Amino acid sequence: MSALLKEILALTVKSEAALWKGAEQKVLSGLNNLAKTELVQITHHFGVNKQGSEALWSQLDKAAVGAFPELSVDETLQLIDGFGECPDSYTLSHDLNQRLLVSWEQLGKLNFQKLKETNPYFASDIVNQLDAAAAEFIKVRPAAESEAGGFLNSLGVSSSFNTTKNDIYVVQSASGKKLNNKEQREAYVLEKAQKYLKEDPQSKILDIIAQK
Amino acid sequence: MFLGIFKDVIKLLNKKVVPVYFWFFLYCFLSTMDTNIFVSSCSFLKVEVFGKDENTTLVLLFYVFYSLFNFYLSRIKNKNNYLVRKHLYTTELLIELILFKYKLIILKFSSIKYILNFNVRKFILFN
Amino acid sequence: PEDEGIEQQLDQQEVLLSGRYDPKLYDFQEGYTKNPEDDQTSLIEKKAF
Amino acid sequence: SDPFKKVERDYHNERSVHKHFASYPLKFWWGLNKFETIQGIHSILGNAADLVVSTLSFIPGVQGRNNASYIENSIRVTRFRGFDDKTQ
Amino acid sequence: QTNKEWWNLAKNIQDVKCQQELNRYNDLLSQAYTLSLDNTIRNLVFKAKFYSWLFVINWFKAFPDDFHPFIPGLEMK
Amino acid sequence: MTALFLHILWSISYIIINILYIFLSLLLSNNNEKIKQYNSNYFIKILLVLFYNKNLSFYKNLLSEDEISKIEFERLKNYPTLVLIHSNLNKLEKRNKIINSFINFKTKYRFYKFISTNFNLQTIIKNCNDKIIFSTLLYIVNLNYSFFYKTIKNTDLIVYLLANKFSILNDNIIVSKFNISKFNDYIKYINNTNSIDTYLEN
Amino acid sequence: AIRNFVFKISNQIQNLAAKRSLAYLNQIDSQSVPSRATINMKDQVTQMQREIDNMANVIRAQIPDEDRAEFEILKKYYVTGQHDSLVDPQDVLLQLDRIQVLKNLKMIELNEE
Amino acid sequence: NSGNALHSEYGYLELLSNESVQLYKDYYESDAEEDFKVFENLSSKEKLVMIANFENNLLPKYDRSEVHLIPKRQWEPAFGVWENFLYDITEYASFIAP
Ligand SMILES: CCCCCCCCCCCCCCCCCC(=O)OC[C@H](COP(=O)([O-])OCC(O)COP(=O)([O-])OC[C@@H](COC(=O)CCCCCCCCCCCCCCCCC)OC(=O)CCCCCCCCCCCCCCCCC)OC(=O)CCCCCCCCCCCCCCCCC
Ligand SMILES: CCCCCCCCCCCCCCCCCC(=O)OC[C@H](COP(=O)([O-])OCC(O)COP(=O)([O-])OC[C@@H](COC(=O)CCCCCCCCCCCCCCCCC)OC(=O)CCCCCCCCCCCCCCCCC)OC(=O)CCCCCCCCCCCCCCCCC
Ligand SMILES: CCCCCCCCCCCCCCCCCC(=O)OC[C@H](COP(=O)([O-])OCC(O)COP(=O)([O-])OC[C@@H](COC(=O)CCCCCCCCCCCCCCCCC)OC(=O)CCCCCCCCCCCCCCCCC)OC(=O)CCCCCCCCCCCCCCCCC
Ligand SMILES: CCCCCCCCCCCCCCCCCC(=O)OC[C@H](COP(=O)([O-])OCC(O)COP(=O)([O-])OC[C@@H](COC(=O)CCCCCCCCCCCCCCCCC)OC(=O)CCCCCCCCCCCCCCCCC)OC(=O)CCCCCCCCCCCCCCCCC
Ligand SMILES: CCCCCCCCCCCCCCCCCC(=O)OC[C@H](COP(=O)([O-])OCC(O)COP(=O)([O-])OC[C@@H](COC(=O)CCCCCCCCCCCCCCCCC)OC(=O)CCCCCCCCCCCCCCCCC)OC(=O)CCCCCCCCCCCCCCCCC
Ligand SMILES: CCCCCCCCCCCCCCCCCC(=O)OC[C@H](COP(=O)([O-])OCC[N+](C)(C)C)OC(=O)CCCCCCCCCCCCCCCCC
Ligand SMILES: CCCCCCCCCCCCCCCC(=O)OC[C@H](COP(=O)(O)O)OC(=O)CCCCCCCCCCCCCCC
Ligand SMILES: [K+]
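First to last, the sequence lines map onto chains F, H, Y, X, L, V, R and W. First residue of the first sequence? That's 1 in the authors' numbering, and the numbers climb one at a time after it. First residue of the second sequence? That's 1 in the authors' numbering, and the numbers climb one at a time after it. First residue of the third sequence? That's 393 in the authors' numbering, and the numbers climb one at a time after it. First residue of the fourth sequence? That's 3 in the authors' numbering, and the numbers climb one at a time after it. First residue of the fifth sequence? That's 78 in the authors' numbering, and the numbers climb one at a time after it. First residue of the sixth sequence? That's 3 in the authors' numbering, and the numbers climb one at a time after it. First residue of the seventh sequence? That's 2 in the authors' numbering, and the numbers climb one at a time after it. First residue of the eighth sequence? That's 491 in the authors' numbering, and the numbers climb one at a time after it.
It cannot be assumed that every hint is accurate.
Partial list, derived from the structure: chain F residues whose beta carbon lies under 7 Å from chain H [stated by the list, open to error]:
hint: 1; residue: 105
hint: 2; residue: 144
hint: 3; residue: 152
hint: 4; residue: 155
hint: 5; residue: 157
hint: 6; residue: 159
As a list, the in silico BS3-like pairs of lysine-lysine whose alpha-carbon atoms are at most 30 Å apart [to be verified]:
hint: 7; chain 1: L; residue 1: 138; chain 2: H; residue 2: 113
hint: 8; chain 1: H; residue 1: 108; chain 2: R; residue 2: 20
hint: 9; chain 1: V; residue 1: 93; chain 2: F; residue 2: 195
hint: 10; chain 1: V; residue 1: 99; chain 2: F; residue 2: 165
hint: 11; chain 1: R; residue 1: 77; chain 2: H; residue 2: 101
Computed list of chain L residues with no C-beta within reach of chain H, every gap over 12 Å [said to hold, decoys possible]:
hint: 12; residue: 105
hint: 13; residue: 124
hint: 14; residue: 129
hint: 15; residue: 131
hint: 16; residue: 134
hint: 17; residue: 146
hint: 18; residue: 150
hint: 19; residue: 151
Just so you know, the hints here were simulated from the structure itself, not pulled from any lab data. Quick reminder that beta carbons are idealized off the backbone N, C-alpha and C, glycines included.
I would like the entire structure built from these sequences, with the hints used as guidance.
This is how it looks when you write it as structure tokens:
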């Protein structure tokens, strides 16, 4: 158990073809013997080191799906990271991606709820920061609508939350460092847009920036 | 364009802008108790509910039933989910209560004369 | 040109430099008081004056 | 129902207790008519309601107020005349 | 020449460097005149006389809010 | 009830204007092409800003996308009560189009890696896992800026917001939003804004 | 004639409005009366804002430490969260209830100790 | 667009008060009977008094009054009283007024 995990760690660090083959066979045979924690750790280690046979990953996908309900937050994060940095030829069956997608969204929603309750200004602070340098059309967006039902939704009329959006954003650095000028900000935005375009040629970030 | 105006009139009278409750209130306001269909036939409402100068017993029973039902619904709703935007009217009431609680604190620890002078100065600046 | 702005500056110097308004010649007082009392204005106001 | 019994006069009924304790906390808001501001608010609402009735009077069975009639003007105008909360 | 109540109010009031700004707190600083007394009949009579006389004497003073010689301010702070 | 009172009076004004609009159209040249030439007039723009909504037939096909956007922008900027009336009228749309995103785990993680590499999520949220912060930020964007998904790709919008936010400074910043048209905001705004800080670039 | 006269009225009105709105920037008016009026308005505004803060400070000092946390929440909301739509008052209410839960627990302990 | 001042218009005013105090110190530099410590921590009224005597010596000393030409729209007899009147109104609100 502990020795086998250390052996996998050492072999992965060495990054030798024969060692990877030996580790792949050993883990594949001992998947049932190893517990959920060991399976998650080895899956994470393989992903970060970028090695593993397609059959091994396919069987790991089956194991993760079967044992998914008994996973903690740390276990879920490690599996997400490992399956994120997985070999390219690892087209997964349409059960694990759904589980990872659902789990990741739930973690974000729960984190948002916990942060908002602890500090009601958490959501407001983020939105102001995002909208500080945003374009005018971005600020023109409508407001949130009340989805609650009842008399106001069935027999009454509920006034909308939209109000005038002519506001001035004053940005001040908490640390006190000098802020970037308009030219510097434009260069920063342009550089990021170019990087995103290279990763995704179909991105329309150029048009979005050009709009305003 | 006559069709366009007619469609606009229908939309302006839509439920989302003119509540059906307003129409029901308007119908009750315009019609008498003998012409109102909702109550002319029903003798209980026309006599036992709205016909008694003092109906404390029935009023109390109705309020108790309504209170328990709404307490149950609110408890169920809070238990199930809470990350749902609430209506503006309910939000404003909660805002006013929180402001009122703070205002009581200020009044408790501050003099009436100081309050009056501060408010007068603030009003003068606003003008 | 006899510019309005420049001429106003020049006449101000002419009036003040005429010597008729020398502070040495005047004993500044409140005036409105029943009894003769010196200027009661604040120290900053005197310097501004 | 039987409204006739209520109409019937009775020594005990007339001198009995008509208003009970529960009604006092529920009906004490009627004393706000003392204030001129409250009287102004109610008059404005009444005038606004009359205007709505007049505009919608075209439908059969609904007749709005006529300014010619003296009774309608007198009652609408003298409702709060001489109001005194001290005298029962 | 002040009391603990005024000092407590004065220290809490912070970031004020102008007498005109402090005069805006004159009513708040007036709370230092606690004049604590019981409401016995003799005291109740004295209170009525003392405050009525205090109103009359202030009328003869006729000082404005700007000049408050008996309300300690910035200099003592 | 105040909103209903404003809506009814606005509705009565809207009906009267349209009746006048029809009467003028029938009396004058009665050509839509001629009418469209005056959409840039000073007063015509005010009339549109006053009585134009996407859910009504008034100037249904006589305005272009650019003109409509400008009219909406002007109303949303310097007309509080009109925005209240028109915002309520917008409820009649009942669009209620909710669309999910990041269906494929592969794409979602790749987008997360790019954001993590090019940006420091610790600034937005402190003492939290990067993946959790990434998921939280996506939820925030969906709640707030989902209006643009009809035309703007979600990934592009998220990158644009992140790039602009970090352009100001690659560190924690404090943002204050004020509406100088309002008395309370203006007094806070002038009080909080100092010339020395602006000169020092703080 | 008529058109020129109308413009002359407009020219004087526009000059009057421009002076009435931006005379505090220049020194055209001797003694800088509009400039001192503008400075006075800002001083009154800043003092009023500072006076509100000072009033909170003195109450904060006198408030019992048990409910000092509640005072901080109420003070912060009254200054910031009141005018912000993104700040849900329910969360502020929830914080108050959590404080009330602790007070209720302490109350019940004292009664039934 | 408004009679109120913006944030960028207050830093300039603050400099004027500081400049006025400095101008007084420079001119009366060679005066024994002058204590400049009094100018430290001025009151709001005291600052206003100093601002009253502030003077900017880099401004041009000539009168800035001048004449500006705004071309008119000649009356068009082909339109009529109302059409020309509306043309004048929109022109005034659109070009002449701004
Ligand atoms: C967001 C919220 C959501 C809520 C959700 C939940 C809702 C739940 C449901 C709630 C429902 C609630 C509904 C009800 C609420 C509304 C109720 C309502 O309408 O009430 C408002 C009610 C409306 O008034 P009203 O009865 O319609 O007014 C009559 C008209 O004035 C008619 O006046 P009149 O002409 O016939 O005679 C008086 C004459 C005025 O002539 C006089 O001068 C009258 C003088 C009378 C004697 C004064 C004696 C003072 C000495 C001390 C006391 C001596 C003992 C004798 C006292 C006798 C009573 C006065 O008045 C005028 O003409 C004045 C001009 C009117 C316009 C200006 C308005 C100013 C305010 C009104 C009061 C003005 C008083 C001025 C006094 C003199 C100042 C120089 O307002 C008042 O009660 C008055 C204003 C408030 C006063 C507050 C006082 C607090 C204590 C102060 C202590 C310290 C100072 C004491 C000394 C006095 C100052 C020096
Ligand atoms: C039923 C008839 C109704 C009509 C007639 C009404 C009366 C005539 C009109 C009088 C109008 C002018 C006002 C004169 C009295 C002023 C006294 C005063 O300022 O005392 C300050 C005294 C000291 O206050 P402090 O200096 O601010 O600080 C006190 C702190 O507690 C700090 O204190 P501590 O913690 O150190 O504890 C000590 C505290 C402890 O105090 C307590 O709280 C302990 C409570 C124990 C039980 C209370 C009931 C026993 C006393 C009854 C009063 C005498 C009989 C009244 C009936 C007469 C006709 C049959 O004791 C004291 O400090 C001394 C208290 C002695 C003053 C009150 C006694 C006289 C009041 C009655 C009027 C005087 C004229 C009567 C003429 C005829 C007979 C000679 O304050 C009070 O205690 C005032 C309390 C509220 C008094 C309300 C009026 C009297 C009610 C009596 C009960 C009657 C039945 C209820 C129905 C009434 C009709 C609605
Ligand atoms: C509402 C319900 C009923 C009333 C309930 C009770 C009252 C509630 C409200 C008031 C509560 C506060 C009570 C007062 C606490 C103490 C306040 C305080 O600290 O003030 C002390 C005040 C400090 O102020 P400061 O430092 O001079 O600064 C002056 C600033 O102006 C700053 O001045 P200030 O703003 O601080 O002024 C102080 C003024 C603060 O309080 C007030 O201003 C009063 C507010 C309430 C009354 C409002 C009435 C307004 C009237 C107009 C409205 C229309 C009325 C219509 C009436 C119709 C029906 C009649 O204090 C008072 O006068 C309090 C009077 C309280 C009794 C109120 C009732 C009076 C009734 C009188 C009736 C008429 C006469 C008798 C009958 C005649 C006909 C038969 O003075 C002292 O410290 C006194 C020191 C003692 C020595 C004085 C020596 C003077 C002579 C030498 C002068 C030269 C000095 C040396 C050279 C210079 C220096 C080197
Ligand atoms: C004038 C025209 C009248 C025409 C009459 C025609 C006959 C039919 C009338 C139709 C309306 C009534 C029936 C249907 C109502 C439907 C309600 C509903 O589901 O809406 C949900 C609506 C949803 O809210 P939201 O849209 O999200 O807006 C949130 C705002 O927070 C919520 O507020 P808001 O800003 O949106 O505006 C409502 C605001 C009030 O707004 C108004 O002022 C309303 C103005 C009139 C509106 C008229 C609309 C209907 C027009 C129909 C006629 C059209 C004719 C067309 C034909 C052509 C005509 C030429 O109401 C309140 O919240 C007031 C609550 C506090 C009580 C105030 C009164 C007592 C004074 C207390 C003072 C307390 C001060 C502190 C303590 C003082 C101590 C001394 O919920 C509410 O607003 C709940 C209101 C609960 C209180 C209502 C009852 C209190 C009195 C209200 C004001 C006076 C009017 C009373 C009726 C007058 C009739 C003559
Ligand atoms: C003591 C009493 C208490 C109150 C206090 C006192 C108040 C005193 C107020 C005095 C106001 C003086 C105004 C003088 C203006 C001078 C204009 C001018 O330069 O003249 C040359 C101008 C020469 O024409 P042009 O510019 O060369 O153009 C001709 C081209 O051939 C044709 O050019 P185009 O074809 O290329 O394009 C234009 C053509 C294009 O076609 C149109 O646009 C025609 C539009 C017709 C109206 C459509 C709406 C129909 C619904 C009824 C009205 C409801 C009100 C809404 C109106 C919307 C806007 C039109 O339109 C025209 O033909 C323009 C002339 C239209 C005249 C016909 C309509 C007159 C009545 C208007 C309504 C009056 C208010 C009634 C209120 C309710 C009574 C029950 O003269 C005219 O042709 C029109 C002169 C009109 C003089 C009006 C005098 C009225 C005096 C009595 C006032 C009281 C009325 C009753 C109400 C009482 C309430 C208490
Ligand atoms: C229909 C009813 C009408 C009622 C109208 C009654 C009007 C009475 C007006 C009296 C004015 C007196 C002015 C002189 C000063 C009085 C003392 C003072 O300044 O108060 C503060 C004093 C000082 O109290 P303090 O020291 O706590 O003051 C607090 C403020 N600091 C912290 C600055 C000190 O208060 C008192 O001593 C108690 C006042 C209330 C006493 C009430 C007694 C009973 C009253 C019964 C009703 C009225 C009499 C009967 C009327 C019959 C009519 C038919
Ligand atoms: C078991 C349920 C039976 C009834 C079911 C349908 C009821 C629908 C109508 C609701 C009741 C209306 C009664 C009107 C007649 C009347 O009250 O008649 C009794 C008196 C009549 O007043 P007047 O003497 O001035 O005419 O009413 C009052 O004093 C006012 C009481 C409120 C009435 C309106 C209802 C308000 C909401 C009730 C809950 C809030 C608390 C109420 C007090 C505990
Ligand atoms: K200005």
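Quiz item: Holds or violated: are the alpha carbons of residue 99 (chain V) and residue 165 (chain F) at most 30 Å from each other?
Solution: 23 Å, holds
Quiz item: Is the hinted pair residue 138 (chain L) and residue 113 (chain H) satisfied, with a Cα-Cα distance of at most 30 Å?
Solution: It holds: about 20 Å lies between the C-alpha atoms, which stays within 30 Å.
Quiz item: Just checking, residue 151 (chain L) versus chain H, shortest CB gap more than 12 Å?
Solution: The claim stands: residue 151 (chain L) keeps its Cβ more than 12 Å from every Cβ of chain H (closest is about 18 Å).
Quiz prompt | Hinted contact residue 159 (chain F) with chain H - closest CB pair below 7 Å | solution = With a minimum Cβ separation of about 5 Å from chain H (threshold 7 Å), the hint on residue 159 (chain F) holds.
Self-check item: Hint status (Cβ of residue 144 (chain F) to nearest Cβ of chain H, threshold 7 Å)
Solution: Holds. Min distance 5 Å.
Quiz item: Does residue 155 (chain F) pass the interface hint, meaning its C-beta sits closer than 7 Å to a C-beta of chain H?
Solution: Holds: closest Cβ of chain H sits about 4 Å from residue 155 (chain F), inside 7 Å.
Self-check item: Beyond 12 Å from every chain H Cβ - status for residue 129 (chain L)
Solution: 18 Å, holds
Quiz item: Does residue 105 (chain F) meet its interface restraint, that is, does its C-beta lie within less than 7 Å of any C-beta in chain H?
Solution: Violated. Min distance 13 Å.
Quiz prompt | residue 93 (chain V) paired with residue 195 (chain F) [C-alpha distance capped at 30 Å] | solution = 40 Å, violated
Quiz prompt | Status of residue 124 (chain L), Cβ more than 12 Å from any chain H Cβ | solution = 17 Å, holds
Quiz item: residue 77 (chain R) and residue 101 (chain H): Cα distance at most 30 Å?
Solution: 13 Å, holds
Quiz item: Closest CB-CB distance from residue 105 (chain L) to chain H, is it above 12 Å?
Solution: Given that some Cβ of chain H is not farther than 12 Å from that of residue 105 (chain L), nearest at about 5 Å, it is violated.
Violated hints, listed in ascending order, are 1, 8, 9 and 12; each of the other numbered hints is respected by the structure.
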